Structures are given as structure tokens and as C-alpha cells.
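With chain A fixed as given, assemble chain B with the ligands onto it according to the hints.
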Amino acid sequence: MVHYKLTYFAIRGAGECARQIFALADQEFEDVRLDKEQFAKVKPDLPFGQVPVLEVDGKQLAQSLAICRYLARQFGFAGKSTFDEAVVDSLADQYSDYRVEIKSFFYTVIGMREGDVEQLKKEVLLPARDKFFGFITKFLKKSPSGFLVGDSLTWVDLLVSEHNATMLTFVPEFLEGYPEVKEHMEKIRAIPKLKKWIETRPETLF
Amino acid sequence: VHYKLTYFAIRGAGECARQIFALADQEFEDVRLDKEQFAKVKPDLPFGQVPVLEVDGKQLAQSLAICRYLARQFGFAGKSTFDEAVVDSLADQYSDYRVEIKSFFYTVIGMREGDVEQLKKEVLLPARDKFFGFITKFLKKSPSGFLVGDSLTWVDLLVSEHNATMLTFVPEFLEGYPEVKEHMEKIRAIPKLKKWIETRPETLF
Ligand SMILES: N[C@@H](CCC(=O)N[C@@H](CS)C(=O)NCC(=O)O)C(=O)O
Ligand SMILES: N[C@@H](CCC(=O)N[C@@H](CS)C(=O)NCC(=O)O)C(=O)O
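Those protein sequence lines, which keep their order, are chains A and B. Read left to right, the first sequence gives residues 1 to 206 (the entry's author numbering). Read left to right, the second sequence gives residues 2 to 206 (the entry's author numbering).
Among the clues, some could well be false.
[Stated by the list, open to error] Derived pair list, reagent style DSS-like, types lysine-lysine, alpha-carbon separation capped at 27 Å:
hint, chain 1, residue 1, chain 2, residue 2
1, B, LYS80, B, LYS193
2, A, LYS36, B, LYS138
3, A, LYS41, B, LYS141
4, B, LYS138, A, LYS43
5, B, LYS36, A, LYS138
6, A, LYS59, B, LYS131
7, A, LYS131, A, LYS103
8, A, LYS122, A, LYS138
9, B, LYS141, B, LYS187
10, B, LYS142, A, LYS59
11, A, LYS103, B, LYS131
12, B, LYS43, A, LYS138
13, A, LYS103, B, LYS121
14, B, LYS41, A, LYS141
15, A, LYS80, B, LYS5
16, A, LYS131, B, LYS5
17, A, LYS193, A, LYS5
18, A, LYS5, B, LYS142
19, A, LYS131, B, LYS59
20, A, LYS103, A, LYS36
21, B, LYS43, A, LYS122
22, B, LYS131, A, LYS41
FYI, nobody ran anything at the bench for these hints, they're computed from the structure.
Bound-form chain A, shown alone:
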């Protein structure tokens, strides 16, 4: 029996996607949530001095995309071919580039950096969202099954669902002219094992 240990801060952020995979796979795992004092003590012995970090039977593995992709492959949420897996990878990286775009706004709301909320919303967030959902909608209208790629759940379905669900907490008007994305968020998060995890995980904002 493989023993999985996930180490990240007491928040969903970039560690949640890995957590949702463990829930969907019905896989027991050690969910370590650290504070600023405790992270400082372990930081020097982490691959890149950063979290999330996955430990598979001792072996450390950093970087959320690499963690989620690895765990997706093991439990079969990566895609049903290497090309589909590549296309799934592409949506995940496009999502990452989209997070770089809205960093300015995202860190302001939660209060990790100083900024003006209202102009960053209309001038940075919504424009990035428009462009991003434009590509997302394009994948959904190409999909008969509902999922972002192929005819089954893949780990990027989790990434995108969780982000939109999270963003609705801060910006209620996020999915207005985009019913395909809203449908998608609902479809994914309606999955009992996922919903169960949503209902019983530590209520952190973001």
C-alpha cells in the first residue's frame, strides 16, 4: 500500500488539485498543513524551498503541476492517450499563464500584497478571464461528454472547476456570459466523492 504525504499551507491554493485527486481515487493520504513558523523549519530541506511537495513512500516531488499530473497518471485521470494527456497538459499550462496574469488582482483581495481592488478587477481580472474562458468555451463546445478533453474526467477538469468555484466567492459576477463554464463547474463538482470532499475539507478562503 503506497503511502502519500502532501505538505502545503493551511489553504486550498495550488495543493487542492492533488487533494481532489486523492478523494476521487478513494486514496488515504497524509494531508500536512503548515504555518509560517513550521514552513521555515522544513523549507531548507525541500527540493526548491517551496510547497506543495508530494512524498511517495519517502521520495519527495515538488511543483503542483508535476504532482497533479503524476497522481493523475497513477489513478487514471490523465487522459486515455499520450496526446490527450498532452492536450490536458496544455490546458493546465494555459491556466497557469492565466494565474500569472491575474496575480496582481488575486494577491490583493486575499491580502498578501498591497493594491486597489476595483480597477484591478475591471482592468486586469475580467480581461484575462474573457480571453481564458474564450479558449475554455471553445474546448467545451468541442466536447460532447462535457469534460474539457476526451470523454472522461481529467485532472484539469478539477483545476478549472475549483478555480471558478473559488473566484465566485470574491467576484460573484464571474460566470455571467459563460453558461458552458458554469455547467462544467457544476458537472465536475457534482461528482459525489468530490462533493463529499468539498463538504468535509477545512473551510479556508482560497
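Below, chain B with the ligands without anything else, positioned relative to chain A:
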């Protein structure tokens, strides 16, 4: 299988995929576009952006996804899913490192204007220190020389090409880091790679 790579007339984020095709001895259509031509094809690309790989018609965007896909097909991904995950981790850490030095990188090559000397010492070299700190760590853990496992993986290409490119603009890049310099040499000494280096279009960056 017929491979078609579409990107601008430069190495940038398309080179890694190109070096894999060379190392696999694989023929491929290397399309290099200009600003007029990109505008004409842009609307029909997955995310309106290049590089884009086409495998027998099927489009695939994003350089990391392209390089990883091509690595898996020809066997430069890693010899297990975990090793592949560790290889993925170094590639993403490299990407985060490029986000750090974007301010500096675009300034030197001249895609934007900026304060060049301060950006060097206050942004570039600090990011490099931290990054090579992790890189050296992996190299001193490696008996074979390669960044991960006992054989070449696509991140060995990414890291070699970047350091070779950066020496063009900043000659003092690899001074207190012989492990990285030796790594750059080891990778770029590989005949099929060297041959590609010697016969590819000489673009700066
Ligand atoms: N691309 C990395 C980013 C990880 C990252 O930046 N983690 C942050 C979470 S806020 C961290 O470790 N922050 C502490 C610090 O280094 O200041 C990943 O997704 O794993
Ligand atoms: N995350 C992508 C980014 C690709 C990228 O930066 N593309 C730029 C190259 S300058 C581009 O397509 N620019 C023209 C445009 O999209 O307008 C990757 O590296 O795979």
C-alpha cells in the same frame, strides 16, 4: 508520423521541441513565421499563440506540453512516471525562473526598454543564484551527469540551451558554478545536438 512545428523565426520556447526531433533523428516541418503570417493563422490556434505542434493534423499548443509529449514518444522523458514527474518539476522551476527574469530578458534582447544594469544585478543574478543552487543540488546528486536518472531527458535540453543563450548577453553567467558549465558542455557535446546547433538558423535568442 508527420510532425509540423510552428513558431517565430527564433529559438525561444520552440527550440526545446526542435532539439528533441534532432536527437530522435526525426524529420519534421519547421515553420518559422513573421508578424504578418502569424496574424493570419493566430485565430485558428488553440490559445492564439505559438509554439504549436501538429501531429498528423492534430494541433497541440504550449511548449512544456509539446516537449513532454515528444519526449515520451522518443524516450527522453524519464524511465518511470516518478522520474518523469521529477523531470517535470525541474522544467516548471525553470519556467518560474523565466517569469522572474522576464523584466531583464526582454530588456537585453530589446523587445522592451528598461534599466539594464540594475535589472542585471538586482533581478537576474539573484534569480540565477537561487535557481543554480537547486540545479547544482541535482547535479551533485547525479553520478551520470544528467539532471535526473542515468540518461538524457528533455529538461537537460531546456537548461543547456538557456545557459548557452544567456552567455551571449551575460558572459559572466556561469562563474561560480562549474557543475552547470560542465552540464551545458556534456549535453551540447552530443553529436546529433551539436550538429543541430551547427546547422540551425543563427538567430540571437
Ligand atoms: N509553481 C510553484 C509555486 C509554488 C509556490 O510559489 N509556493 C508558495 C506558496 S504562497 C510558497 O512556497 N511561498 C513561500 C515563499 O517561498 O515565500 C508550484 O505551484 O508548486
Ligand atoms: N506559455 C506559452 C507562451 C507562448 C508565447 O509566449 N507565445 C508568444 C511568443 S512572443 C506569442 O505567441 N506571441 C504573439 C501573440 O500571441 O500575439 C509557451 O511558452 O508555451
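These are the hints, each one checked on the structure:
1. B/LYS80 / B/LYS193: holds (21 Å)
2. A/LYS36 / B/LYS138: With Cα atoms ~25 Å apart, A/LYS36 and B/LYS138 stay inside 27 Å; holds.
3. A/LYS41 / B/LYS141: Distance ~24 Å between A/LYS41 and B/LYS141 Cα, so the pair holds.
4. B/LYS138 / A/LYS43: holds (15 Å)
5. B/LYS36 / A/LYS138: Holds, at roughly 25 Å.
6. A/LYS59 / B/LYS131: holds (22 Å)
7. A/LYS131 / A/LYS103: Between A/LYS131 and A/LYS103 the Cα gap is close to 16 Å, so the pair holds against 27 Å.
8. A/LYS122 / A/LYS138: holds (23 Å)
9. B/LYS141 / B/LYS187: OK: B/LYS141 and B/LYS187 at ~15 Å, within 27 Å.
10. B/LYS142 / A/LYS59: Measuring from Cα to Cα gives roughly 14 Å; hence the hint holds.
11. A/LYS103 / B/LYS131: holds (22 Å)
12. B/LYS43 / A/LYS138: Holds. B/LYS43 to A/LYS138 sits at ~15 Å (cutoff 27 Å).
13. A/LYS103 / B/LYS121: holds (24 Å)
14. B/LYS41 / A/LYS141: holds (23 Å)
15. A/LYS80 / B/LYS5: Given that 27 Å is the threshold and the Cα spacing comes to 23 Å, the pair holds.
16. A/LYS131 / B/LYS5: Holds, at roughly 26 Å.
17. A/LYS193 / A/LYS5: Holds: A/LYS193 and A/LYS5 sit about 20 Å apart, inside 27 Å.
18. A/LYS5 / B/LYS142: holds (23 Å)
19. A/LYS131 / B/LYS59: holds (22 Å)
20. A/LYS103 / A/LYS36: Between A/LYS103 and A/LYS36 the Cα gap is close to 21 Å, so the pair holds against 27 Å.
21. B/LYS43 / A/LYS122: holds (25 Å)
22. B/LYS131 / A/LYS41: holds (18 Å)
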